[PDB]
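All protein chains but one are shown in place.
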Amino acid sequence: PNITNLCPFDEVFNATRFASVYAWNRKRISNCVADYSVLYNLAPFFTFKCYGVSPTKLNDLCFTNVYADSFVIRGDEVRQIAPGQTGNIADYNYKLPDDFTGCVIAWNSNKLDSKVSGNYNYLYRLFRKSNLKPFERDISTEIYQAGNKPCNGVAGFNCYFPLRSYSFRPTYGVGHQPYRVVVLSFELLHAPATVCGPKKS
Amino acid sequence: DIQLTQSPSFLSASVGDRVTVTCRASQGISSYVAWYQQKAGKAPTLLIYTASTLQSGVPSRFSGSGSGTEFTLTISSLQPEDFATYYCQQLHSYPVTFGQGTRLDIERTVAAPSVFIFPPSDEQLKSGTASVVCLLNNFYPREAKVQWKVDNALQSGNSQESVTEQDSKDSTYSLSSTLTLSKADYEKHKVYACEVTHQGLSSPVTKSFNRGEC
Partner (left out) sequence: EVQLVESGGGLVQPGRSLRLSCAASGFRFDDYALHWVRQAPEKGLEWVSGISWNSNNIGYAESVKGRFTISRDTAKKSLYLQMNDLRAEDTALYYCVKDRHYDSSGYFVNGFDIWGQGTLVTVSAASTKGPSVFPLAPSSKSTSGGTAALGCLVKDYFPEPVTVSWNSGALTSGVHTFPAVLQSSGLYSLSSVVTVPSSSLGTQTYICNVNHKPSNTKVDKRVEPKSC
(Lines give C-alpha, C1' and ligand atoms only; values in the text may rest on other atoms or scores of the structure.)
Protein backbone atom coordinates (compact mmCIF):
# COMPACT_ATOMS: atom_id res chain seq x y z
CA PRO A 1 0.00 0.00 0.00
CA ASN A 2 1.09 3.55 0.85
CA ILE A 3 3.50 4.77 3.59
CA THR A 4 7.23 5.12 2.92
CA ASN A 5 9.04 6.20 6.13
CA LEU A 6 11.66 3.62 7.08
CA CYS A 7 11.37 1.66 10.31
CA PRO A 8 13.90 2.51 13.06
CA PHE A 9 16.13 -0.50 12.44
CA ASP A 10 19.23 1.58 13.26
CA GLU A 11 18.28 2.61 16.80
CA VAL A 12 18.39 -1.04 17.91
CA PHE A 13 21.27 -2.44 15.83
CA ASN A 14 23.58 0.57 16.36
CA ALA A 15 22.91 1.26 20.05
CA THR A 16 26.07 1.68 22.11
CA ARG A 17 24.78 -0.09 25.24
CA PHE A 18 22.67 -3.26 25.30
CA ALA A 19 20.51 -4.07 28.31
CA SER A 20 21.45 -7.05 30.46
CA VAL A 21 19.86 -10.41 29.71
CA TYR A 22 17.92 -10.71 32.97
CA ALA A 23 16.19 -7.35 32.39
CA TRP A 24 15.78 -7.14 28.62
CA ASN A 25 13.99 -4.43 26.64
CA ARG A 26 10.95 -4.61 24.36
CA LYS A 27 10.45 -2.45 21.27
CA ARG A 28 7.48 -1.98 18.93
CA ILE A 29 7.94 -1.46 15.18
CA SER A 30 4.73 -0.30 13.50
CA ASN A 31 3.43 1.98 10.74
CA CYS A 32 6.50 1.91 8.49
CA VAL A 33 8.17 -0.05 5.68
CA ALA A 34 10.79 -2.65 6.55
CA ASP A 35 14.19 -3.02 4.86
CA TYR A 36 15.80 -6.37 5.66
CA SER A 37 18.51 -5.99 3.00
CA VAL A 38 20.73 -3.82 5.22
CA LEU A 39 20.74 -6.37 8.05
CA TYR A 40 22.53 -9.10 6.09
CA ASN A 41 24.33 -6.64 3.81
CA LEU A 42 26.31 -4.59 6.33
CA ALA A 43 26.74 -6.45 9.60
CA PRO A 44 29.14 -9.43 9.56
CA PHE A 45 27.22 -11.85 11.76
CA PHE A 46 26.70 -15.57 12.31
CA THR A 47 23.65 -17.73 13.06
CA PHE A 48 20.89 -16.06 11.05
CA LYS A 49 18.81 -19.18 11.77
CA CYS A 50 15.16 -18.13 11.50
CA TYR A 51 12.06 -20.13 12.43
CA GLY A 52 8.75 -20.07 10.58
CA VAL A 53 9.94 -18.41 7.35
CA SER A 54 12.83 -18.64 4.91
CA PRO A 55 15.26 -15.71 5.29
CA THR A 56 15.23 -14.96 1.55
CA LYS A 57 11.55 -14.05 1.13
CA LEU A 58 10.93 -11.63 4.01
CA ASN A 59 10.33 -8.81 1.50
CA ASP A 60 7.23 -10.15 -0.25
CA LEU A 61 5.12 -11.08 2.78
CA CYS A 62 3.17 -8.65 4.93
CA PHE A 63 3.09 -8.79 8.71
CA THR A 64 0.84 -7.61 11.52
CA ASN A 65 3.42 -6.14 13.91
CA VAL A 66 7.12 -6.52 14.71
CA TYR A 67 8.54 -6.86 18.22
CA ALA A 68 12.27 -6.28 18.70
CA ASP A 69 14.24 -7.45 21.74
CA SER A 70 17.94 -7.22 22.55
CA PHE A 71 20.43 -8.47 25.14
CA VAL A 72 23.93 -9.92 25.55
CA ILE A 73 24.91 -13.49 26.50
CA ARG A 74 27.95 -15.74 26.68
CA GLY A 75 29.45 -17.18 23.51
CA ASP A 76 29.21 -20.90 24.24
CA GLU A 77 25.55 -20.65 25.26
CA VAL A 78 24.11 -18.77 22.26
CA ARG A 79 22.63 -22.08 21.05
CA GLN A 80 20.30 -22.03 24.08
CA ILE A 81 18.08 -19.34 22.51
CA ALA A 82 15.56 -21.59 20.72
CA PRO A 83 12.32 -23.43 21.58
CA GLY A 84 12.86 -26.79 23.23
CA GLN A 85 16.24 -25.89 24.75
CA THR A 86 17.00 -26.01 28.47
CA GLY A 87 19.47 -23.82 30.32
CA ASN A 88 20.01 -21.10 32.87
CA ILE A 89 18.88 -18.18 30.70
CA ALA A 90 16.26 -20.36 29.01
CA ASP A 91 14.72 -21.49 32.31
CA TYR A 92 15.16 -18.33 34.38
CA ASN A 93 15.80 -15.34 32.09
CA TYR A 94 14.40 -15.71 28.55
CA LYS A 95 12.21 -18.61 27.41
CA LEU A 96 10.94 -19.00 23.86
CA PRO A 97 7.49 -20.53 23.31
CA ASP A 98 6.85 -23.84 21.59
CA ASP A 99 5.00 -22.09 18.75
CA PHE A 100 7.42 -19.43 17.49
CA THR A 101 7.52 -17.64 14.13
CA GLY A 102 10.47 -15.28 14.00
CA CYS A 103 14.20 -14.86 13.58
CA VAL A 104 17.24 -14.44 15.83
CA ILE A 105 20.42 -12.46 15.13
CA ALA A 106 23.65 -12.91 17.08
CA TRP A 107 26.94 -11.13 16.48
CA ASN A 108 30.27 -10.90 18.26
CA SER A 109 31.07 -7.83 20.36
CA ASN A 110 34.58 -8.61 21.61
CA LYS A 111 35.70 -5.16 20.43
CA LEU A 112 32.92 -3.35 22.32
CA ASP A 113 32.03 -5.12 25.59
CA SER A 114 35.50 -6.33 26.62
CA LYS A 115 37.35 -4.65 29.49
CA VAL A 116 40.99 -5.16 30.46
CA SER A 117 40.11 -5.06 34.16
CA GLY A 118 36.71 -6.64 33.54
CA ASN A 119 33.22 -5.53 32.56
CA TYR A 120 30.62 -5.49 35.32
CA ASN A 121 27.64 -3.84 33.59
CA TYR A 122 26.13 -7.18 32.49
CA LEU A 123 24.35 -9.50 34.92
CA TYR A 124 22.36 -12.73 34.70
CA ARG A 125 20.13 -14.62 37.10
CA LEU A 126 21.54 -17.88 38.45
CA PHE A 127 18.69 -19.64 40.27
CA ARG A 128 14.94 -19.33 40.79
CA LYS A 129 12.11 -21.30 42.38
CA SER A 130 10.47 -22.28 39.08
CA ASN A 131 10.56 -21.83 35.32
CA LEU A 132 9.15 -18.88 33.38
CA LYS A 133 6.20 -18.71 31.01
CA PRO A 134 7.38 -17.39 27.63
CA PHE A 135 7.88 -13.64 27.16
CA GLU A 136 8.31 -12.69 30.81
CA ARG A 137 10.85 -10.36 32.41
CA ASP A 138 12.16 -10.31 35.98
CA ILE A 139 13.58 -7.45 38.03
CA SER A 140 13.44 -9.18 41.41
CA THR A 141 16.58 -8.90 43.54
CA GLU A 142 15.40 -10.45 46.83
CA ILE A 143 17.41 -13.33 48.27
CA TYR A 144 16.24 -16.85 47.47
CA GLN A 145 16.94 -18.89 50.61
CA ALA A 146 17.19 -22.66 50.20
CA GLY A 147 17.95 -23.20 53.88
CA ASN A 148 15.33 -23.97 56.50
CA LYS A 149 16.51 -21.08 58.67
CA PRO A 150 15.32 -17.80 57.09
CA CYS A 151 18.36 -15.76 56.09
CA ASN A 152 16.10 -12.75 55.41
CA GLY A 153 18.43 -10.65 53.29
CA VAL A 154 21.75 -11.81 54.77
CA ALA A 155 24.65 -13.82 53.34
CA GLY A 156 25.29 -17.35 54.58
CA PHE A 157 25.47 -20.99 53.60
CA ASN A 158 22.35 -22.36 51.84
CA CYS A 159 21.53 -18.73 50.88
CA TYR A 160 22.82 -16.98 47.77
CA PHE A 161 22.32 -13.66 46.02
CA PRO A 162 20.04 -14.32 43.02
CA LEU A 163 22.07 -12.28 40.51
CA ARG A 164 25.57 -12.95 39.20
CA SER A 165 27.77 -10.52 37.27
CA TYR A 166 29.50 -11.25 33.99
CA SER A 167 33.15 -10.30 33.54
CA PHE A 168 34.34 -10.14 29.93
CA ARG A 169 38.09 -9.94 29.28
CA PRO A 170 40.04 -9.77 26.00
CA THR A 171 42.16 -12.75 27.09
CA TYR A 172 39.19 -15.14 27.15
CA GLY A 173 38.66 -17.71 24.44
CA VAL A 174 35.98 -17.51 21.78
CA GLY A 175 33.73 -19.65 23.98
CA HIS A 176 33.37 -17.11 26.79
CA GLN A 177 33.37 -13.95 24.66
CA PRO A 178 30.15 -11.91 24.80
CA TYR A 179 27.57 -12.04 22.02
CA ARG A 180 24.89 -9.46 21.23
CA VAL A 181 21.51 -11.03 20.41
CA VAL A 182 18.39 -9.44 18.91
CA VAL A 183 15.24 -11.53 18.39
CA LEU A 184 12.42 -10.54 16.03
CA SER A 185 9.02 -12.08 16.76
CA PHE A 186 6.26 -11.92 14.15
CA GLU A 187 2.59 -12.77 13.84
CA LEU A 188 1.01 -13.61 10.48
CA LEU A 189 -2.66 -12.92 11.19
CA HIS A 190 -2.41 -10.45 8.25
CA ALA A 191 -5.60 -8.52 9.01
CA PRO A 192 -4.24 -4.92 9.12
CA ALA A 193 -1.10 -5.37 6.97
CA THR A 194 0.56 -2.26 8.38
CA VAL A 195 4.30 -2.77 8.79
CA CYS A 196 5.43 -4.76 5.76
CA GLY A 197 8.26 -4.14 3.34
CA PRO A 198 8.46 -2.57 -0.10
CA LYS A 199 6.24 -3.56 -3.01
CA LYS A 200 4.98 -1.74 -6.08
CA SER A 201 1.48 -0.89 -7.30
CA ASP B 1 52.39 3.91 36.64
CA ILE B 2 53.15 3.53 32.90
CA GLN B 3 55.32 6.32 31.50
CA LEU B 4 55.11 7.57 27.91
CA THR B 5 57.87 9.45 26.09
CA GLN B 6 57.76 11.52 22.91
CA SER B 7 60.95 10.93 20.92
CA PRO B 8 61.16 14.34 19.16
CA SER B 9 60.36 17.21 21.52
CA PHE B 10 60.44 19.67 18.60
CA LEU B 11 60.75 18.84 14.90
CA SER B 12 61.24 21.33 12.07
CA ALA B 13 59.76 20.47 8.68
CA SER B 14 58.64 22.05 5.41
CA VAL B 15 55.59 21.72 3.18
CA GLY B 16 55.07 18.39 1.44
CA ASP B 17 57.53 16.27 3.42
CA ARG B 18 57.19 13.18 5.63
CA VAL B 19 57.33 13.29 9.43
CA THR B 20 56.99 10.69 12.18
CA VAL B 21 56.45 11.02 15.94
CA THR B 22 57.41 8.07 18.16
CA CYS B 23 55.45 7.66 21.40
CA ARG B 24 57.23 4.98 23.43
CA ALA B 25 55.66 3.33 26.47
CA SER B 26 57.21 1.38 29.34
CA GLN B 27 54.90 -1.64 29.55
CA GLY B 28 53.09 -3.64 26.89
CA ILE B 29 49.75 -1.91 26.35
CA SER B 30 48.62 -3.85 23.23
CA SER B 31 46.82 -1.22 21.07
CA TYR B 32 45.08 1.06 23.59
CA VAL B 33 46.73 4.25 22.38
CA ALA B 34 45.44 7.48 20.85
CA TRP B 35 46.77 10.70 19.32
CA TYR B 36 45.58 14.29 19.68
CA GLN B 37 46.30 17.57 17.88
CA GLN B 38 46.16 20.96 19.61
CA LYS B 39 46.09 24.15 17.56
CA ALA B 40 47.42 27.51 18.69
CA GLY B 41 45.36 28.34 21.78
CA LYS B 42 42.47 26.02 20.89
CA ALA B 43 40.92 22.95 22.46
CA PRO B 44 42.60 19.75 21.21
CA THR B 45 40.65 17.39 18.95
CA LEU B 46 40.91 13.67 18.26
CA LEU B 47 43.00 12.44 15.33
CA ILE B 48 43.30 8.64 15.55
CA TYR B 49 42.21 5.88 17.92
CA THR B 50 43.65 2.38 18.39
CA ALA B 51 46.49 3.79 16.21
CA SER B 52 44.86 2.34 13.08
CA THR B 53 41.26 3.54 12.70
CA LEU B 54 40.47 7.03 11.43
CA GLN B 55 37.67 8.60 13.46
CA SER B 56 35.83 11.15 11.29
CA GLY B 57 36.45 14.17 9.07
CA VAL B 58 40.21 13.59 9.21
CA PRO B 59 42.36 14.03 6.06
CA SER B 60 43.64 10.77 4.60
CA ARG B 61 47.24 12.03 4.85
CA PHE B 62 47.27 11.16 8.56
CA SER B 63 47.97 7.55 9.50
CA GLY B 64 49.21 5.51 12.43
CA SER B 65 51.00 2.27 13.15
CA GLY B 66 52.58 0.36 15.99
CA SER B 67 52.37 -2.54 18.38
CA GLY B 68 53.52 -3.62 21.82
CA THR B 69 55.44 -0.68 23.29
CA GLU B 70 56.04 1.31 20.08
CA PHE B 71 53.74 3.66 18.16
CA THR B 72 54.25 6.01 15.21
CA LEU B 73 52.09 8.75 13.68
CA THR B 74 52.70 9.46 9.99
CA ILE B 75 51.89 12.55 7.93
CA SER B 76 52.22 11.81 4.21
CA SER B 77 52.11 15.44 3.03
CA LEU B 78 52.54 18.66 4.98
CA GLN B 79 50.06 21.54 4.76
CA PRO B 80 50.24 25.07 6.21
CA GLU B 81 47.63 24.29 8.88
CA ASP B 82 49.50 21.16 10.04
CA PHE B 83 51.74 23.32 12.25
CA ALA B 84 50.41 22.48 15.73
CA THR B 85 51.19 20.35 18.78
CA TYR B 86 50.74 16.58 19.03
CA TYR B 87 50.11 14.43 22.11
CA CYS B 88 49.97 10.66 22.63
CA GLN B 89 47.69 9.00 25.18
CA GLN B 90 47.69 5.61 26.90
CA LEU B 91 44.40 3.78 27.41
CA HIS B 92 45.33 0.51 29.15
CA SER B 93 44.78 1.25 32.89
CA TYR B 94 42.82 3.98 34.78
CA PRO B 95 45.32 6.70 35.84
CA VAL B 96 45.61 7.88 32.07
CA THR B 97 48.93 9.39 31.05
CA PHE B 98 49.72 11.91 28.32
CA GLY B 99 53.06 12.37 26.60
CA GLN B 100 55.28 15.37 27.22
CA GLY B 101 54.15 16.87 23.90
CA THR B 102 55.59 17.35 20.42
CA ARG B 103 55.62 20.80 18.80
CA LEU B 104 56.07 21.30 15.06
CA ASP B 105 57.91 24.28 13.59
CA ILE B 106 58.38 25.78 10.15
CA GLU B 107 61.62 25.21 8.25
CA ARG B 108 63.71 28.32 7.27
CA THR B 109 67.18 30.08 7.03
CA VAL B 110 69.60 30.48 10.00
CA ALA B 111 69.57 34.03 11.49
CA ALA B 112 72.22 35.68 13.59
CA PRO B 113 70.45 37.23 16.61
CA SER B 114 71.00 40.90 17.34
CA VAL B 115 72.32 41.35 20.88
CA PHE B 116 71.35 44.39 22.96
CA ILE B 117 72.05 45.06 26.64
CA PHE B 118 70.36 47.80 28.65
CA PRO B 119 71.58 49.42 31.89
CA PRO B 120 69.27 49.74 34.90
CA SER B 121 67.30 52.98 35.03
CA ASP B 122 67.86 55.45 37.84
CA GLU B 123 64.17 55.52 38.76
CA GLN B 124 64.26 51.80 39.54
CA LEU B 125 67.32 52.15 41.77
CA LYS B 126 65.68 54.26 44.47
CA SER B 127 62.89 51.67 44.76
CA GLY B 128 65.39 49.09 46.06
CA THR B 129 65.68 46.83 43.00
CA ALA B 130 68.18 46.49 40.17
CA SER B 131 67.69 44.73 36.83
CA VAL B 132 69.78 44.28 33.68
CA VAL B 133 68.12 43.05 30.48
CA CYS B 134 69.82 41.04 27.74
CA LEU B 135 67.88 41.28 24.47
CA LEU B 136 67.96 38.77 21.61
CA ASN B 137 66.18 39.62 18.36
CA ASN B 138 65.33 37.83 15.10
CA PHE B 139 66.99 34.42 15.36
CA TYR B 140 65.56 31.55 13.31
CA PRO B 141 66.62 28.57 15.53
CA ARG B 142 64.43 28.58 18.63
CA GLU B 143 67.11 26.95 20.77
CA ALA B 144 69.74 29.25 22.27
CA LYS B 145 71.64 29.90 25.50
CA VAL B 146 71.96 33.02 27.66
CA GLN B 147 74.78 33.18 30.22
CA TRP B 148 75.20 35.99 32.75
CA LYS B 149 78.80 37.06 33.42
CA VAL B 150 79.57 39.76 35.99
CA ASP B 151 83.13 40.85 36.84
CA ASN B 152 84.43 37.88 34.83
CA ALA B 153 82.37 35.57 37.07
CA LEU B 154 79.54 33.37 35.84
CA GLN B 155 76.11 34.10 37.34
CA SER B 156 73.36 31.54 37.93
CA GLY B 157 70.20 30.97 39.94
CA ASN B 158 68.97 34.57 39.72
CA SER B 159 67.94 35.05 36.08
CA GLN B 160 64.82 34.31 34.03
CA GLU B 161 64.05 34.18 30.31
CA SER B 162 61.02 34.33 28.02
CA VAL B 163 60.61 33.53 24.31
CA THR B 164 58.02 35.02 21.97
CA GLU B 165 56.04 33.08 19.39
CA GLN B 166 57.40 32.70 15.86
CA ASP B 167 56.89 35.88 13.86
CA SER B 168 54.23 35.80 11.14
CA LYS B 169 56.33 37.98 8.80
CA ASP B 170 60.02 37.24 9.41
CA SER B 171 59.44 33.73 10.85
CA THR B 172 61.99 34.45 13.60
CA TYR B 173 62.05 34.40 17.40
CA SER B 174 62.85 36.90 20.15
CA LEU B 175 64.38 36.17 23.55
CA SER B 176 64.67 38.45 26.59
CA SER B 177 66.71 37.81 29.74
CA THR B 178 65.91 39.41 33.10
CA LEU B 179 68.59 39.53 35.80
CA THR B 180 67.56 40.55 39.32
CA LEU B 181 69.92 42.21 41.80
CA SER B 182 69.52 44.18 45.00
CA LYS B 183 70.61 47.82 45.08
CA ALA B 184 73.50 47.01 47.42
CA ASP B 185 74.67 44.11 45.23
CA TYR B 186 74.43 46.17 42.03
CA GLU B 187 76.77 48.90 43.25
CA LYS B 188 79.37 46.41 44.51
CA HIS B 189 80.27 44.99 41.08
CA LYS B 190 82.01 46.83 38.24
CA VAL B 191 81.25 45.23 34.85
CA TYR B 192 78.14 43.33 33.75
CA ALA B 193 78.26 41.12 30.65
CA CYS B 194 75.92 38.79 28.76
CA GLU B 195 77.07 35.64 26.93
CA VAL B 196 75.11 34.48 23.87
CA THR B 197 75.68 31.22 21.99
CA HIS B 198 73.74 30.57 18.79
CA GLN B 199 73.89 28.40 15.68
CA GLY B 200 74.14 31.39 13.33
CA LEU B 201 76.82 33.01 15.51
CA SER B 202 80.30 31.62 14.88
CA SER B 203 81.73 32.62 18.27
CA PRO B 204 80.10 33.80 21.51
CA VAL B 205 79.51 37.55 21.25
CA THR B 206 79.42 39.54 24.49
CA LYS B 207 77.55 42.83 24.88
CA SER B 208 78.53 44.52 28.12
CA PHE B 209 78.83 47.84 29.92
CA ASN B 210 80.64 49.28 32.93
CA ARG B 211 78.79 50.55 35.99
CA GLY B 212 80.91 53.72 36.12
CA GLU B 213 80.60 54.41 32.38
CA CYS B 214 77.78 56.29 30.66
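Note that the chains take the letters A and B in the order they are written out, and that residue 1 is the start of every chain.
One rule holds in what follows: contacts are C-beta pairs under 8 Å (C-beta built on N, C-alpha and C of every residue); 3 or more make two chains touch, one makes a residue touch a chain.
> Touching the left-out chain: which of B:142, B:149, B:183 or B:207?
With B:142, B:149, B:183 or B:207 as choices, the missing chain is touched by B:207.
> Sort through A:111, A:129, A:133 or A:200 and give me the one touching the missing partner chain.
Hidden-chain contact among the options goes to A:111.
> Touching the absent chain in the whole complex: find that residue among B:62, B:83 or B:98.
Of the listed residues, the one touching the omitted chain is B:98.
> Tell me which residue among B:2, B:11, B:106 or B:117 touches the hidden chain in the full complex.
Of these options, the touching residue for the absent chain is B:117.
> What residue numbers in subunit B mark contact with the hidden partner chain?
31-32, 34, 36, 43-46, 49-50, 55, 87, 91-101, 114, 116-119, 121, 123-124, 127, 131, 133, 135, 137, 160, 162-164, 174, 176, 178, 207, 209, 214
> What does the interface between subunit A and the hidden chain look like in terms of residue numbers?
Those residues of subunit A that touch the unshown chain are 16-17, 111-117, 120-121, 170.
One rule holds for everything that comes next: only the chains that are shown with their structure count from here on.
> Roughly how far is subunit A from subunit B, centre to centre by C-alpha average, rounded to an integer in Å?
Chain centroid spacing, subunit A to subunit B, equals 57 Å.
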